[PDB]
Amino acid sequence: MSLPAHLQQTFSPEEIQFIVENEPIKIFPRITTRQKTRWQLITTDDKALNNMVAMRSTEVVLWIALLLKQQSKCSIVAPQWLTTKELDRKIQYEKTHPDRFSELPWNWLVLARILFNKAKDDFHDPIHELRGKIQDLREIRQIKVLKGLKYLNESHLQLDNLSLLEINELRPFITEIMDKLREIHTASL
Amino acid sequence: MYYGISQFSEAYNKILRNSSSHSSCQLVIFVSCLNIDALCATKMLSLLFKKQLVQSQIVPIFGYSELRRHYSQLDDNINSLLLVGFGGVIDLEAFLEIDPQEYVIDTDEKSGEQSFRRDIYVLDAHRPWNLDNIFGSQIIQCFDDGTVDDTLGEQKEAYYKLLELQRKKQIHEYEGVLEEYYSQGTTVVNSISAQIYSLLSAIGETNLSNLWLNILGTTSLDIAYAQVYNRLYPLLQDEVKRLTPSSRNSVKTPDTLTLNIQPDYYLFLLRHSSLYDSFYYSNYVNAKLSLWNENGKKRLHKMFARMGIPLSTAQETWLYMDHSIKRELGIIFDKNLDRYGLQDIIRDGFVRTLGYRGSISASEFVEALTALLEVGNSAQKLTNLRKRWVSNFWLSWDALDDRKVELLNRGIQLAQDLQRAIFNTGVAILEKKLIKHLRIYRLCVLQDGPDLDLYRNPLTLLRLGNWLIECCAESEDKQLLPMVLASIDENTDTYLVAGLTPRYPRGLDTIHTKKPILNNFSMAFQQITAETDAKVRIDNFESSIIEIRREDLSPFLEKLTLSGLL
Amino acid sequence: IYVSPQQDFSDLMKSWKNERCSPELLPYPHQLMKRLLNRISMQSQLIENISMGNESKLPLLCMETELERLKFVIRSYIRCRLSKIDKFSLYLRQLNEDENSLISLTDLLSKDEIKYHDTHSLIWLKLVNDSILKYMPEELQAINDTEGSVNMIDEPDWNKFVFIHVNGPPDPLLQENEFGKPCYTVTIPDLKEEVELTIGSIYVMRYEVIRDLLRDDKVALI
Amino acid sequence: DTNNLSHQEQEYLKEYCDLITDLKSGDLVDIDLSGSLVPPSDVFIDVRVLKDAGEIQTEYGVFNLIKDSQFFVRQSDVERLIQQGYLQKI
Amino acid sequence: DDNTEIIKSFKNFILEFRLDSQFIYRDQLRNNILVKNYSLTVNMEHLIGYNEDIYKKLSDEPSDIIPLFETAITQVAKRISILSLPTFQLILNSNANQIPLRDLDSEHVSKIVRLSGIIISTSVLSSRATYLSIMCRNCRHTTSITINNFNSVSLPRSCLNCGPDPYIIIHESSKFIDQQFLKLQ
Ligand SMILES: [Zn+2]
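Chains as they are written, first to last, in UniProt numbering: chain A, 1 to 36, 48 to 200; chain B, 1 to 165, 225 to 436, 462 to 650; chain C, 52 to 104, 120 to 236, 243 to 294; chain D, 119 to 208; chain E, 22 to 105, 132 to 199, 205 to 212, 235 to 259.
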């Protein structure tokens, strides 16, 4: 029909990346846009781009930061959460509590991949260590998700601080099973 | 006009000024379809333009007819044209039907210059240059290594005096000097990848990938022109040292990359086959030991036994072979190779390895690329064959990346198969003694066999020619004569005749070895074709290769014998 | 109420996500789409003017990329709306004809959407009449029958489950819970249950219970 | 082919194509409704032609689609050509 | 001491290997555990690439090293699947030169070899032992002994008075595994 079959009542990973790139990020410009043509974007603020000085940190959308990095005109600032120490702290937090979820940013999986691919030499920590820590976090989250799927009911469910990618993963199965259970319960009454 | 090595940046800036607007594509790159060096040059140029965000198109071309066809096909909107690997040993002005008077747009008397709507850039290494493409037209722009200023001053003056023009004797002497210059063999002098990397260094956009591509391009000339590789090797050593990070105490990490100098041997796919096979299917080893007869195999077995490596162990794949012998191999080779004369096998070569994946040397990579180019995958058959070769060009292009290791493995397997087939054919030829000898040249004509199908791609025929040249034609106390090798194809009734040049013994530095051995086949071939009428297809960029009808082979060979111009 | 172009883009993204994840056809934000289309046209004209005339290459590249992204978002939203109209075609006609319900297609769709609805309904009716209906008796030729074995009008599912993020006010409905946190309260009538939604959390709730909040923009679908 | 469609279905297809043309020609003219639902990505990509063709003169420019010839063009320009199958995103 | 070091080496190999972006063996182990498949297939090429010493040790004395690999695999599986299972099985893929069946001789005793042939007969599944509970006839002392299939175990002859062979097996608290015999031509 007007919309494909797989795009009905859910999202696609490409659209999730599209959503994630609409957020701001900090970068180190390599040129001097500030005066002693100029950007007039309409969807995003253009004042910051027109006023950038080399080596002075500024804030711009992630999509524009990647576009600048494509030409090698800026250096992206890796967020504070990505650093190793924070990752070990979050892994310990996850291990200590076998019931609750950690409080990582909602875009902690898409941003990780985007930065690991596009910006592989801007981090201040070894890349392999970060990849391993992210893998461990993902595996623990998968375990907890599997354990929590046994409590589906016909009233509601709560998953505090769950990333967008995992919710997208689980949207069809959880929704369909809960809908079937709710239909059975409604028929029973 | 010729752009000096210091002027490459100016030509690059001109290109960036003309064909850079985001309106539409205005850069077309023409690439020789059967040249690895041109492939690396095109890849590096494409990476540079990609980083600079310039619209472009790339068109593989084989032969000269396709060049003219495509040029006539081109749109006027195109403003910058790139030729890599050809356009140096021809009068490009006349061939392309280009009269500058039509291309002139702005003619300023004060400047005395006529701007043009299209600029032709030539990236060629073959010599001699065509003076009309050097000292003549302004539309054609040539990238020069330095030969023009080095050794063309007298010819430059002669050409200028001829253009400007008792006086008859002076004009005659100048024309005689010009004819003397034009009458010499064609030979390769430099690697195009070196020129492009000099440009890159001038603009300061060098990294490990570009250096690796330059290494690949320069190494491809090792098999044919050892002088060029020797001349251009020290710089590669210096740059490999420069770019490579010293810090290596860390153990292999999945993302680690290491491009360093390691002992490389004149062996065939040592790191992707067995040691016995590496010593068996090798040009130099066979030439020294003449493995095509049983006594050579016995000598090889005796050598392996003396070195202490068992026979079963020697035939085990490299990866699964015992690690102790793999560690001690260098010592074993040093101790026990002087006796059998293979003291030139040891060499220093570049080896690039990515984390947790097996290493691969430059020679093996080049061999895989050439194998993919060769065997990877009336007039209608000819067109189908040429278009299949064009497709193989792109099949090889993709393999030059780190995300396409599968293509590299397929190329290695195809290289093994091709080397096996060529070795079998060479064994047959040598055993049956089909190489007739003549005072001027040597003849080898193939008319039957199971592998005759493969011998239609010029690269495979050149591989066989090099194989034969190394064995008993460059060693074994034999005089150096040009060899004419031909192969039939009943499906089209023609001979893919190739004129190969002799080679001095490998790894023997001498004053005579320094002087290149010019290839005189081109001029004699052209003269013989002009005199007779046999529908000779002189269209390949390398004049050494032509296509002669079946019924007109022997008459052409007789004419060549009578020519006395080789 | 005009605020800024970025606010308009944020509203567009919110509406797109809600429509994609919603189980019913939401009202059309007429003014926002009018403003966005006008802005797109003017921006394209400005881009053409700028390109008519290498420091300015990257600004223009960003212009074009931004325009492409905005166009993609609008196109996806429109296609989702069209598909939803396609599925609930007879139901929309019943709602429009029904005078009691205040909902009107003019208040729920745009001009293009109403044209599409009318034309598609006409074409499908013609096809079914030509193929099947004309051969049925007078009792079984109505394409929209609500007294047969199976209802011929497919209504939106009023209890579809959806992921919701409790954003909170940009409110008498807000009562601070026992664990030191503001939280909304909703009631599920079938189960006679009361559910408490705390801000900064993700739930899996029925659509009908939270529909009013979604209309008020307190919560947003993921 | 159309041999599998009843004449009523052929009329339906004609009318629906007419309708699709009708919506796209209204106020939604800036956006090409019959576009690609794959979100935008890297502006510039390399596209390899998969079918020999002439110097097709599209609105964006003249592309000499010589078989086995790579291009470096903006994804927007060659979106429709990729859709029709002339080019490959590799 | 050395056994623990080898186990740690295998654990690090499993947990650290990665070709381009995906942890091959970690994901494979997770997927196999999900469907109640307790096994891991390892390509020897990857093992050689990661660290040649580990493959050297594995090929030297396989009968002694392979069980440690299974222990490491089981530990990693428990780490990956259970929030803080039987002994897993190791399956090997290789591309080494094939040794003709007729050419096998004493030189290849206790070494990993690759060969080919045609199966001519297969037996019915047996029941080997993996964890035996033993009680003494006279003093009735309860004990357990673990068994690994690889040989480079028998009931104790001395009780841990009681004469020779004093132990009998308590079959209601033991575990067994399947076995099969094939013939290669
Ligand atoms: Zn006892």
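Certain hints may be false.
Here are the simulated SDA-like pairs of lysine to any residue, each with C-alpha atoms no more than 25 Å apart in a straight line [to be verified]: (1) C:65 - A:80; (2) A:131 - A:185; (3) D:169 - B:436; (4) B:51 - A:61; (5) C:181 - D:128; (6) E:158 - E:143; (7) B:385 - B:500; (8) B:311 - E:169; (9) B:311 - E:139; (10) C:123 - B:385; (11) B:619 - B:645; (12) A:101 - A:23; (13) A:80 - D:194; (14) C:153 - D:153; (15) A:36 - C:137; (16) A:129 - B:265; (17) A:101 - E:57; (18) E:77 - E:62; (19) B:51 - B:263; (20) C:123 - A:82; (21) C:68 - D:156; (22) B:385 - B:352; (23) A:58 - C:267; (24) A:129 - D:168; (25) B:51 - B:479; (26) C:226 - C:267; (27) B:311 - A:80; (28) C:137 - C:79; (29) A:84 - D:119; (30) D:169 - B:66; (31) C:85 - A:94; (32) C:137 - A:114; (33) A:80 - B:263; (34) C:192 - D:153; (35) E:77 - B:330; (36) E:57 - E:26.
Label pairs and their in silico Cβ distance ranges [said to hold, decoys possible]: (37) B:9 - D:176: 43 to 51 Å; (38) D:136 - C:104: 40 to 48 Å; (39) E:29 - C:243: 51 to 59 Å; (40) D:176 - C:62: 21 to 29 Å.
These are computed hints drawn from the structure, not numbers from a lab. In this text, a Cβ means the ideal position worked out from N, Cα and C, and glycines have one as well.
These are the hints, each one checked on the structure:
no.	hint	in the structure
1	C:65 - A:80	29 Å, violated
2	A:131 - A:185	36 Å, violated
3	D:169 - B:436	17 Å, holds
4	B:51 - A:61	23 Å, holds
5	C:181 - D:128	22 Å, holds
6	E:158 - E:143	13 Å, holds
7	B:385 - B:500	21 Å, holds
8	B:311 - E:169	45 Å, violated
9	B:311 - E:139	24 Å, holds
10	C:123 - B:385	55 Å, violated
11	B:619 - B:645	19 Å, holds
12	A:101 - A:23	23 Å, holds
13	A:80 - D:194	21 Å, holds
14	C:153 - D:153	21 Å, holds
15	A:36 - C:137	36 Å, violated
16	A:129 - B:265	19 Å, holds
17	A:101 - E:57	30 Å, violated
18	E:77 - E:62	19 Å, holds
19	B:51 - B:263	13 Å, holds
20	C:123 - A:82	11 Å, holds
21	C:68 - D:156	16 Å, holds
22	B:385 - B:352	29 Å, violated
23	A:58 - C:267	45 Å, violated
24	A:129 - D:168	29 Å, violated
25	B:51 - B:479	23 Å, holds
26	C:226 - C:267	17 Å, holds
27	B:311 - A:80	28 Å, violated
28	C:137 - C:79	18 Å, holds
29	A:84 - D:119	53 Å, violated
30	D:169 - B:66	18 Å, holds
31	C:85 - A:94	45 Å, violated
32	C:137 - A:114	34 Å, violated
33	A:80 - B:263	18 Å, holds
34	C:192 - D:153	29 Å, violated
35	E:77 - B:330	18 Å, holds
36	E:57 - E:26	29 Å, violated
37	B:9 - D:176: 43 to 51 Å	36 Å, violated
38	D:136 - C:104: 40 to 48 Å	41 Å, holds
39	E:29 - C:243: 51 to 59 Å	58 Å, holds
40	D:176 - C:62: 21 to 29 Å	35 Å, violated
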